[PDB]
Amino acid sequence: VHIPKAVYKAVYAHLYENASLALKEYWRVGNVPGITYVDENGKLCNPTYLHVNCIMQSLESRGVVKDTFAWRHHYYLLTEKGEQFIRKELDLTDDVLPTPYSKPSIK
Amino acid sequence: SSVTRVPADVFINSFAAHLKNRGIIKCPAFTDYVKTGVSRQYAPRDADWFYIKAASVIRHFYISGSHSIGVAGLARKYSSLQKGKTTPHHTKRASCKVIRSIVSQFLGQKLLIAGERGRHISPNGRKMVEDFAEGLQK
Amino acid sequence: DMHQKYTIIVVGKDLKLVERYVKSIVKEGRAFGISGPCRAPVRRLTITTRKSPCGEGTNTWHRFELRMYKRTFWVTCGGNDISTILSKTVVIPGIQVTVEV
Amino acid sequence: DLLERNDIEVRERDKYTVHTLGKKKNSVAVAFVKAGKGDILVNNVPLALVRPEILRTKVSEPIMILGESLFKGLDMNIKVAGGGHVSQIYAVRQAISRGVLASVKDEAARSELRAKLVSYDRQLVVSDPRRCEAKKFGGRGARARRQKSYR
Amino acid sequence: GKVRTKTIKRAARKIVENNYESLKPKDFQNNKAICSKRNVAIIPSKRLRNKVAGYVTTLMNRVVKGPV
Amino acid sequence: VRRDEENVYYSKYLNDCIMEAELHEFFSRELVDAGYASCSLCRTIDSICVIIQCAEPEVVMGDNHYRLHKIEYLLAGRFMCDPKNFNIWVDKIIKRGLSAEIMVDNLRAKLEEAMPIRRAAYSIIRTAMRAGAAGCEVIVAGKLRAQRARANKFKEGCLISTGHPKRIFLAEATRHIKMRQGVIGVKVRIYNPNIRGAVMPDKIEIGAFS
Amino acid sequence: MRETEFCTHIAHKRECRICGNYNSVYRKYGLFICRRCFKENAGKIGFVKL
RNA sequence: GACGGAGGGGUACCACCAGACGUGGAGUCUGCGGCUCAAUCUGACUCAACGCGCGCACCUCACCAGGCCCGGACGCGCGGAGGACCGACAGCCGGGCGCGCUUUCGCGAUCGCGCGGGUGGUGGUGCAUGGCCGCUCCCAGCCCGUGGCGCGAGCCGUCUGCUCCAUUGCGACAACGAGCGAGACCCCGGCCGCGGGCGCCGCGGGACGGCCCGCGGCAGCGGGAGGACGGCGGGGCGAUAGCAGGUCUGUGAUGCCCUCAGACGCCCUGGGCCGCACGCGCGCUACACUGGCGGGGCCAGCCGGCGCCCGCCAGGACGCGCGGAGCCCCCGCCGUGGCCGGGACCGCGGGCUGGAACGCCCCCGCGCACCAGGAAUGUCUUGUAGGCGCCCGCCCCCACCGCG
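Quick mapping for you: the protein sequence lines, in order, are chains A, B, C, D, E, F and G. In terms of this note's numbering, the first sequence has 60 at position 60, counting the first letter as 1, and numbering is strictly consecutive. In terms of this note's numbering, the second sequence has 46 at position 46, counting the first letter as 1, and numbering is strictly consecutive. In terms of this note's numbering, the third sequence has 41 at position 41, counting the first letter as 1, and numbering is strictly consecutive. In terms of this note's numbering, the fourth sequence has 128 at position 128, counting the first letter as 1, and numbering is strictly consecutive. In terms of this note's numbering, the fifth sequence has 8 at position 8, counting the first letter as 1, and numbering is strictly consecutive. In terms of this note's numbering, the sixth sequence has 8 at position 8, counting the first letter as 1, and numbering is strictly consecutive. In terms of this note's numbering, the seventh sequence has 10 at position 10, counting the first letter as 1, and numbering is strictly consecutive.
Just so you know, these hints were derived from the structure itself, not from any lab. Take these hints with a grain of salt, some might be off.
Here are the simulated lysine-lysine pairs, BS3-like style, with alpha carbons at most 30 Å apart [said to hold, decoys possible]: (1) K39(G) / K84(F); (2) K9(E) / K166(F); (3) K16(C) / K12(F); (4) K16(C) / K13(G).
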């Protein structure tokens, strides 16, 4: 199955940055907003719902990302064990932190 | 007012006899052949149906006045239902072409001068139609 | 002061909640020349579903109705003054406040 | 048509002195009286003019039982909206009769004169609570059901 | 006719004897307002109060007519 | 009469209510185990301010507060929320015995581990009975033990299961714990005669002459 | 590949909103929620039996 | 307990009577049964199945005829990167889809296998079972503490008097206190008042069996008057206990069990449920004379937008945001003629919308049966029955259905 490594690595990053994903499940052809990438042709493109699910499931199956299912939606909550594996794919660095890592404290 | 005192039936029938001497409107031939409505069972046998319709629109027009009545509006005064089907009848409109000619012709005689959402009577016409009513009651 | 006319409209499910938000907008606005509140005709949202999930039985039907009441308040004030009024107004969560310039 | 500010919306200036409501079968007729020259016109329309000509004789009941000196001189402009057709006439009748009553005003025993009109026609001064009922699941109409196949 | 429950009559019974004061014997109108001092009883709805306020007119009438 | 019947916001308000049902489902999906009981979002100033009334607030924050706005961030993919524009008011819910959804989780989570059904339900009845609730319905059903319904109801008070006021002092929590044999269903109820913001119709307090 | 006929049909494929069921979409007010699904989610949207 | 062609009381237009409109007879339609077909997807089957599961040209869609496609996650064992996979112009086969061929072109482990495992499924069992619903149920009973009576099953209160729709009370009682049903409560009217207001719409109050007369142990009980309204407005919520009632075919409600890649997975293309003696289970329109059919005075309440211009309409264009029924009532035309009653069947066109009519409407033929319905049935007491129209649900399309 051909899933671009640029779709893969950028997709992993969108999930990693917000530590979150909410997709109304689509059976077949779909475009997922919030994730955009660069093709080999330098074109800005959005990934496919069929392809995205095949990776989404794989990362919750690896156990890297916790997932919920409310009828027709996937709610992804990334795990700390997951953050290390995401860094092992993205070629990014340990210091980089998911954007919700801190700062929501309410006084 | 005496235009609200002339019974609608008396006003409409009496007005068209001098409208016949007047030569106003000029009812066309295809219209006097066609049957009014998309729900009527068969054509009205009035023969002068177009001329009798013309006395019907301009009287209800006096009451409508400034608010205005569009092409659908005068069709509303004569709205009917089909009387012949195995299944129940849902209400439908009358014919648009015959109604569009009656107030468009009335615009031509200058009794009706209209420029708003659909049609309004020129004051000269409102006064004159009211004047026919002034003759009708007393 | 570019006294803009603002129309404030409030749509809410509960009459008890709606009256409280309406009172705050009237209460906050006495300093700003607030026009008195306009009560909307109730907006019925009836949905009728036969209660039985399956087809068994004389179908009995659930008429589920949601009542919407909307409130119109005209205010002639500066753009900031409604914001100062906002801190004083008691905010009931989920009730809608609509600022119509 | 429905409970609007149509009570006086049509007329501006010439404030008509009396405002009297008449209601039969979801039909609203507010009676406006100016005590003129025998204008009993309601719906800006003559008393003789009616949807059912035969029905007009019933709407002349205060005129026959109560003194005609009342209807000899009066002034009227009534806004009737709502009602099938005959509902409008009884509502009109409630309006005008209450409108004559409002004119009597000062005499304390106004009710005693009015009760001669109640004795000849009850509900001529009173409004009925009769209103359309509702259907229920399985019922084509308000008080029926689909014909039952087995007892 | 109308027949009310034990609690409705018993509340009225408590109101007419345990706090007789002067609930009205033959008049409904004083009774309409004399049953709402808040301490004397707390119940919601005017008609529900009116149910006690109905029997009270007969119970006080009975006591005036003879000992209950 | 001159106003559009196409009032666009009139439809928008109900959208917030399906947002409320989706939020209820969202938190029911795993945060009900975390303790979620009730929710209220506020989009009046586009704050998207949501109150998660819940049995214990600390569970979502965990130890770093990382996932606290991740729940808002999950809603960020769905509704373009910003971390901190949206807020999660997960606070303390007191008298948790009165709370129903988690009270019945407290019981069927214990029944997942597997323990006497009667004993588990009875302790649940007492700990809410302690809160002043005369009757708590520990209604169970489903394929209990021997194959068949074997439904057992456990009740200790004068709960009114009928009437419009019934919903005022009562709550319902539909919960299923699945034995390997299958779904065991539990519906729970609670008693609040002393509403303190309104009056139960039957309650006649009464008074004395002096 | 399969993309040539992949879901080529263009017609409503509307489904119940809460569920994945296709029937009884009930789009009366734009609530694309399901009918059997609706009974489970009516009070939260504000509809009540009254 | 349950039965009883046992008795003693209650009560309900689901019972009946005085009546009413029926239905069954006629045509037409929709849903069954029973047939036929490659296929007619099915569940239900006395009330408590049968215009019902929310509007099948496609989708839905379950079924039939054809084929594409993997979406066999995660771990190890392999094969092994200029070699895992995957795309392909013509010439095709083939509706067709580079599916697979001839072909000579591109890819670049993104992975293919082996396993173990995930993998969906309107696929079976609702006598695995959740939830929810039908019914019992125009229908009031249920049980607890303490004390009594009994070896105990159980009694007692919870009642062989009266009253109430109703253990609904009032009296009286080895029971005495509690409760849960019924009530109360809530929703909309009968009316009014206060604040207001665009959209007459939010908040109060008010008919209380209160009072009169007669009877009432008393609760109640008639006859009454005032009075918006007479002793629940029209509605909802509804105990204990059940049922092997219904639904695994709504579902992230699911157990066991099956099909797991020539799939019961999932996409496309054409079907079918719109086929189909008779029989039915609702409906609908008729049989004309209080009827037609007639132009032409109209009138709403749900709560709803209109204009202009061509076209008989159907509709179409060009636009602006804006607005209402039928029956009946009018004067007429009209003889008792299957009629100018009825509107079927069905030729000929005009359109609509939809990928596509096999959907639908209008115009113009045509004038089916049927001239008052046998047994045997229903459903209802005031704004009620009937009669007559509007809106929605579903829906590109399309109501006779249902909620109103």
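Here is what the structure says about each hint:
1. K39(G) / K84(F): violated (34 Å)
2. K9(E) / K166(F): The given pair, whose Cα atoms are some 23 Å apart, holds under the 30 Å limit.
3. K16(C) / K12(F): holds (21 Å)
4. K16(C) / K13(G): Violated, at roughly 41 Å.
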